[PDB]
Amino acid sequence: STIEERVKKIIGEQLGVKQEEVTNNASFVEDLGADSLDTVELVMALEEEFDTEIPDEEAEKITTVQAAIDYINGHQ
């Protein structure tokens, strides 16, 4: 599996949407129906999945599937 698939699976699990809905362009709030706690636990999920802390200022930009992928990739 790849980081990309791992990220999409997590967003899927966390936002309760089927995998096909987790497109690279998809916006968590606008497109995937996320509310505040959803975006907070998603980032929390990504930190545990990849065993790494995500600083708040970087986390705030993780608003789309692609942004989540780019952050994790950029951090190894």
Second form
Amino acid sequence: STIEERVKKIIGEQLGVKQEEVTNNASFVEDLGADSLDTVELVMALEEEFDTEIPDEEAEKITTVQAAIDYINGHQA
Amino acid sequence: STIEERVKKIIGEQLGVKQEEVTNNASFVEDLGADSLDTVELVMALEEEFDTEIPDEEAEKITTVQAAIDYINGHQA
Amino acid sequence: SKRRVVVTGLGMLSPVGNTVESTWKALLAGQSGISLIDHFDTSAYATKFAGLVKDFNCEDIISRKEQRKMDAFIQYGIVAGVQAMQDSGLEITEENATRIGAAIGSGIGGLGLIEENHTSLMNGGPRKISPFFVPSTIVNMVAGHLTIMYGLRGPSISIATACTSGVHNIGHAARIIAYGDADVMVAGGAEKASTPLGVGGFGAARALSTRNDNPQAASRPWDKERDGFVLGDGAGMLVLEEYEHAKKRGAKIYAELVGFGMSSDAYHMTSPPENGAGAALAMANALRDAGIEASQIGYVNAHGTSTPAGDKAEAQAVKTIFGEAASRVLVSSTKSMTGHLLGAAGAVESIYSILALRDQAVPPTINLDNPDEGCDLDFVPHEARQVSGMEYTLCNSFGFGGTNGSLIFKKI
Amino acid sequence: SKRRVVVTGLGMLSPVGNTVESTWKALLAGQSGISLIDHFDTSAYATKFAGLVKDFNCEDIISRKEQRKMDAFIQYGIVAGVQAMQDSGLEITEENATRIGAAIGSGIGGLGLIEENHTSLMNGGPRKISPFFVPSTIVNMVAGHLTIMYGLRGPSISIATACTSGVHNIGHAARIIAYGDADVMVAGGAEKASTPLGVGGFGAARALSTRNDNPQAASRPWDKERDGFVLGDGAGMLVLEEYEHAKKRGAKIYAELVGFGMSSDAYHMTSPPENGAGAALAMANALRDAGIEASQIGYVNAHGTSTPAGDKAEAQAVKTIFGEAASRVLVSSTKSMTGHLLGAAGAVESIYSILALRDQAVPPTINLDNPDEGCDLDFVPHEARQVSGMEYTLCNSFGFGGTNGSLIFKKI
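What would the structure be for the form deposited with the partner chain bound, rather than the form solved without the partner chain?
Then the entire complex follows, led off by the chain already shown.
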């Protein structure tokens, strides 16, 4: 029920990959086969799960799993 | 602001006729050119205006303007 | 040297079966696929039943990642489209790719994901709309996904003419092949309207049957007790191919598509259809397009929506076209078992008409306990009818207040 | 003895004019019809502007009683369809009625009344759904109403292929006439997607321009500063007629429709379009359908949605087809002024291509301040260009991730 593992669960389910493939340095579009609209719905899935508004100019900076984990951790608003 | 004139206003607006044509003995389908779905939306318009649920088996008995006026008068539920 | 169009592949999902053969066998047994709805609360709904696709499993064809970007009706179309392609054994190369397209439509579209996305909008604003909203709902995305996963670069259209979509899409896939713009086309329709907005929508128009107490007997075409049509889900897909292209590659051949007719009613829908002059004009144009007489038609897969007005109008159109051989030709409404598949109804009923040419058998019109006094026609009621010498079948999709389409299939 | 199809009637509603001539004159002046939206609250929306139909008045054509049974996009189509019929001077009799049909589509449909009816559903249940919900929203009802009020009994289809609908509907209206199923067809498209679900929908896909601070400069095809397309409303209608049928009755003749091409991309949409091989295949098939060389094309009404990827892919397709005469042929995107009319874009741009044949003038691509470094092509930027000897025009509707369509028109 950690935040790191909850983020990995949303990512793996959104991009349809086993959670072993969702490593920290994994990139959404290069390592996990996500297109642009995949990343957009992934950020929305993150927002929906944790009840946080992520700005569009800041969501475009979320391109890897580690980049995702670091954002939701240092917020919770 | 009478109920009789409010009913005539909804009818004339629903069927697109001047209120002089909306007499009491006027029939929706014969005198005012309403098809079946016209009468169905007319009953709904009556329900919407006066906040009353009219059953379907009883709405089919509302075929003239006088038949309309007599229903909404003796209810107001 | 006008090219001939032939059918080389079939695929289908229906309320009585998830393959062509299981569906066909279920219809010949008079089995009904109508059941009570349980995927949304039907308490406030006047109709609580429909023809549902049972035990749907597309996990081996469509991943769970792509299923979220697809309304149910698109998922049905892809699965049925994959079945048709696999059945045709067609090998798509780099050289023949620009000669293979699609003609697949729908009458309603992605009603389920429209509701969901609008619910997200009314609760959380436009930021809650899914980025896949548009590509997951519009009617042309069945052709979209199929042309992508098979590498189809040929002509692809999508005809949305309500319950004439299936016949129109197949007919114009054949027109595209006859014109020379394509050698192979995958054509059909797909529908999944059994949603709150779909059941509520047709229920608002008072067009749906209300026989909740007996859903399997609600769809009763040409019966004195009918009270509206029954919704049905599914998809039908055909691989239409040029005749020389098919025989050269050694292709399975079900039947030849020899006639396509179209017409408009030019009355609203609340107006009395009466004579069915539009329906008869569609059948007449298809007979002339094939160059045959109505007396050569053995089976007519009718529209037969179990509507009080629609059934009587179609019966008069059959009497007008056939005339002397009317009481002899076999007519049947498969919607008595499957329900009305709307944009896909013409697609699934074209396959039933083709399979009647192959097995020499006609599916029945169940729940026909006592017909109109105005008719003599043989509606093949209660049980299927074995047949011999059947050479031409006729598939009708009518509007009774709109567009009409008719397809004629010939054996071998 | 293959029959020729010719254009005899025009009708249009657009963000820069409510008639064919006022729209055409507005485009030749480089006027933009894009403005801020005020019919719903755009606070939470990233895009707040679109190409709107201003001062729309159909009270003399559609009564207020029938307007309630019509989504805005159907109202636009009827008005534009009436204009085309009145312009053709066609006299519909009891004898020629079965030879006159329609081919009118839409990419989205009745999005406004879908939202309203679903809002009624979520607030008051299915009893609040209007009985006119289905007939007021589906895409084929523009053809529906038009065939009714003019008494059309001929073939009527409705092609919904997203932003290729306009080109596809007109092209197949010509195919239906060439095949011999009809002598006259009224063909086109109509769109009114500037709704919360439409603006939110494309905005959710991040496909819309965000230049709220300057809506008239947001649509900038092939410009380094483009950031997505701009929505536009309207309708375009053409009266397509067989050539002998037209000359015999003494008909106004705008231009001849000589070529129709189709193709599929076979990639999703997020995939890089790159070469535009689908777009070039559509244009190639239309050239072969007409039997002419690309060097005979004087004007190309491009798709040009002001998309960063789409514009670059279309430019490569133009270079592939034209090659040597590429830097010489005139190309232009009228969407720089009107916005993207989606299912109607191909319809209105076909009329612009026909009017360029009549007036020997080409409308410009406004807001093209500095193009790509990758292009030399003449996009007729900033101001319209007078022309002489123009004999063939080419109208393109592309998908860059879907279906493609191309129409070629010839003068006289």
